[PDB]
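Starting from the structure of chain L, add chain W with the ligands where the hints point.
Below, each chain spelled out in residue letters.
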Amino acid sequence: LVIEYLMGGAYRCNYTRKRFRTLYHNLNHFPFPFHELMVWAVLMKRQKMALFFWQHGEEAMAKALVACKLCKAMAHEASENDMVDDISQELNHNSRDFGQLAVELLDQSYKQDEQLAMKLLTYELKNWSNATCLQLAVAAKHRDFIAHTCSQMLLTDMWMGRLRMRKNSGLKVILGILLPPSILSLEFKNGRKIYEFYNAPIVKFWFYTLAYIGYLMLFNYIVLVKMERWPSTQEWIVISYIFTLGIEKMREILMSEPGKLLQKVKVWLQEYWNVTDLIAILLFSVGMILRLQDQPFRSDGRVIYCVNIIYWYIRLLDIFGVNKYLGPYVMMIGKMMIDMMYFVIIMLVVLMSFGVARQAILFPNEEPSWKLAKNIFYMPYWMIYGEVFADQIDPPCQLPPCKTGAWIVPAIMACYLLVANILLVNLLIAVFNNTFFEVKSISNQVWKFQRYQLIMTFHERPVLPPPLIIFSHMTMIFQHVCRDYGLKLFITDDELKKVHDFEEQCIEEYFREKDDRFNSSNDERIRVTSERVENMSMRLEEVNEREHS
Amino acid sequence: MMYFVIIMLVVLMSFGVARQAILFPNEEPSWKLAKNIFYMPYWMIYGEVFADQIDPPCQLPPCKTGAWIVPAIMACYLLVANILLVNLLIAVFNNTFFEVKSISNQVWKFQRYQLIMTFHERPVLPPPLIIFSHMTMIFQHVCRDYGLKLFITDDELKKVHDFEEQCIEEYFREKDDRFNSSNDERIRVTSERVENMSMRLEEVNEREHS
Ligand SMILES: CCCCCCCC(=O)OC[C@H](COP(=O)(O)O[C@@H]1[C@H](O)[C@H](O)[C@@H](OP(=O)(O)O)[C@H](OP(=O)(O)O)[C@H]1O)OC(=O)CCCCCCC
Ligand SMILES: COCC(CCO[C@H]1CC[C@@]2(C)C(=CC[C@H]3[C@@H]4C[C@@H]5O[C@]6(CC[C@@H](C)CO6)[C@@H](C)[C@@H]5[C@@]4(C)CC[C@@H]32)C1)COC
Ligand SMILES: COCC(CCO[C@H]1CC[C@@]2(C)C(=CC[C@H]3[C@@H]4C[C@@H]5O[C@]6(CC[C@@H](C)CO6)[C@@H](C)[C@@H]5[C@@]4(C)CC[C@@H]32)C1)COC
Ligand code: NA
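So the sequences go chain by chain: L and W.
Going by full-length UniProt numbering, the letters in the first sequence line up with residues 585 to 611, 655 to 817, 884 to 1090, 1103 to 1187, 1200 to 1266, in that order.
Going by full-length UniProt numbering, the letters in the second sequence line up with residues 1033 to 1090, 1103 to 1187, 1200 to 1266, in that order.
Same shape as in the complex, but just chain L:
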């Protein structure tokens, strides 16, 4: 029970199975003893014993990943119940050590044989609640494991589905999705070719992208062109798209992993795209409600549409995030935005000061009105972006008399422009420049980690795009009254034994290489030479002092 609580919601340890429950309720040996000994050493926080038990037996990498997850969960539980706060550091160090061991073992296995390395990451683990190494590594939030070359190659092979399209893809997928006769000219891995072509994640992604582009074009057409009292066909298509997308979001929030409905919404509202999509759908619904009414309400609904189109235009960054070079740039923008806000507060302060000074100096006969609130922000803000217009600030003053102190406005403006356009923007450039390498590397690692989540969330979605997704939901109603690949890879006993022997060979070679590399370092050689020289000097002094003559 405590193992199942530590691991996750979907995990099911062998102890709580009904076979072991019936075998224990009337109170035999274990097939793999070192699994239970390793779990015992991990739970009771005995690091040396756990490291000794790790290198004996089979399924070494799965054991390392399970140990890393258990240590991370134990550290999280320890730094919650007001503990001594030093147990958490030791548990985190143990988790990091186990993760590093898993990464090094994967590196050795990939270096020795590539196909067997990819084989080792996919086969179903019978002793570990029917999970793969990828699922354990993802559930442990191990960014250095997914970002490895072998994991990325495996993710690419799962993303491409049964097709190959190795040298040049993308265009062929679009041709297939637009020209169904062109499907037959594509090679497949070892009537049925249509089903295997359309069930790949990548063709689902391109179908969804084409549907989104079409919906966006319809939205642009319906907001650009004059609208009548009742909606046109393009507006009906847009409304249908929004409604079906909302239905799909509800279906996703209902079929989530947690069993509690209140827990499902709380875990769904974690990504910012989900909450922003919910807000946008509610806003579009409000605008559509106000649209089908009299003239002022219709105008307000149209303005709601024109505001809402901005978000759906921005949401193209999610589509762009698939590309290898347009995802890290988006994340880099996401962090530099926080830096920009921190540096824009000061610009706002200086702008407010200059605007209030100029407005107070120039116009001393203004009644209290809200126009004074915009005369401060408007023109001092457009000034710095390339609209420095004389005679609009410090006007020439047949000629009306000059206001008292009107000569000070250009003196203030010169210093304001010098501060805003030469000091703060250059300092912001320096800040963006000197904090780019860390942000780039972190963004690359995070994107390579989230590739797995993208692949799974496209492998789970129905094959039809959101404008046609209603037909797929009707099918799910018919199936309501009624994984060979994509996640795992089942095998026989002989292939399992071959994989086990390969893994034992890999771990043995890894330990032997580590020992041979440690024993040949300069520091070890110097230490051993010093000790032997000291002992030899003592022996030689004893020999010289003790002679028969």
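Incorrect hints may appear among the rest.
With a cut-off of at most 25 Å between alpha-carbon atoms, the simulated DSS-like pairs for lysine-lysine come out as follows [as the list claims (entries may be wrong)]:
(1) L:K919 - W:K1067
(2) W:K1108 - L:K1064
(3) L:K768 - L:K957
(4) W:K1145 - L:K1017
(5) L:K1067 - W:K1108
(6) L:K919 - W:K1108
(7) L:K919 - W:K1064
Interface residues of chain L toward chain W, partial, derived using beta-carbon atoms under 8 Å [to be verified]:
(8) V916
(9) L917
(10) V918
(11) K919
(12) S992
(13) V996
(14) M1025
(15) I1026
(16) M1030
(17) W1075
(18) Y1078
(19) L1133
(20) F1137
(21) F1142
(22) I1243
(23) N1252
Because the hints were derived from the structure by calculation, they are not lab data.
Think of the CB as a built atom: it goes at the ideal place given N, C-alpha and C, for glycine as much as any other residue.
What follows is chain W with the ligands alone, placed relative to chain L:
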């Protein structure tokens, strides 16, 4: 720059569509709507931010519904395009300059050979007068001392061969002498000799006879 201009184009299209749809709600479907999105939002960021043609000052025609959103959308758009993306592009150009410079220098030095060789074959007359050279090639149609190679006699060839043998011998000797004087090799040899000496001394001490 193209990889970074895709995003600028997305944001520009968004702002242009929003402003054009807000301001003018009585436009027939015409191709003029296709350029009203790209034209002015593109000239705005290069120094045409004129504050009288984005939010018109409106004897006075009535104010269009929601015409106060255009300045806010434009302020956010200018802040994104002129402060965030261009500075990030500057950072990208700055932090990927050394590798590009070194690779370009190496590639130019390599292509110098092709540049030199392609002028050693072209006819001496320039393209406006190259017709005369082609006529000459017609006359020569019915009919490399230097520039590429350098033919030499047997004694010069033997001198070059002896020089090359001396060079390769000196190279191998220098490589071996440099390897044998490294710190790692000295430490390894000293450790092995110390181990053997310790074993020998223990065997000598165990070989007492009195
Ligand atoms: C208007 C905006 C619409 C949304 C924009 C569409 C969204 C968008 O911009 O990216 C989508 C698409 C995703 O496909 P993705 O990148 O995953 O697939 C790549 C493709 O297979 C390349 O041929 C591979 O070689 P290369 O390394 O590249 O040399 C590349 O490397 P590898 O993994 O096989 O080793 C593959 O990653 O990215 C494109 O490649 C553009 C293909 C042409 C797309 C044509 C678009 C019409
Ligand atoms: C001059 O008078 C023209 C008239 C013929 C009228 O035909 C119209 C048919 C719709 C059409 C082609 C027209 C104007 C706006 C056009 C929109 C601009 C939008 O821009 C795009 C811009 C970029 C896209 C990313 C978004 O959408 C289109 C969805 C959109 C777009 C191309 C939809 C198509 C619209 C012309 C002459 O006949 C006698
Ligand atoms: C159009 O005619 C208006 C009239 C109602 C008149 O009420 C007035 C009450 C004072 C009030 C709210 C008004 C105009 C200037 C307003 C100032 C602008 C300043 O800005 C702020 C700007 C930002 C702050 C950081 C600094 O101060 C305020 C201290 C300041 C401020 C909000 C104080 C409040 C002033 C309107 C209509 O009657 C139906
Ligand atoms: Na300028």
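Run through the hints listed earlier and report the numbers of any the structure violates, in increasing order.
none
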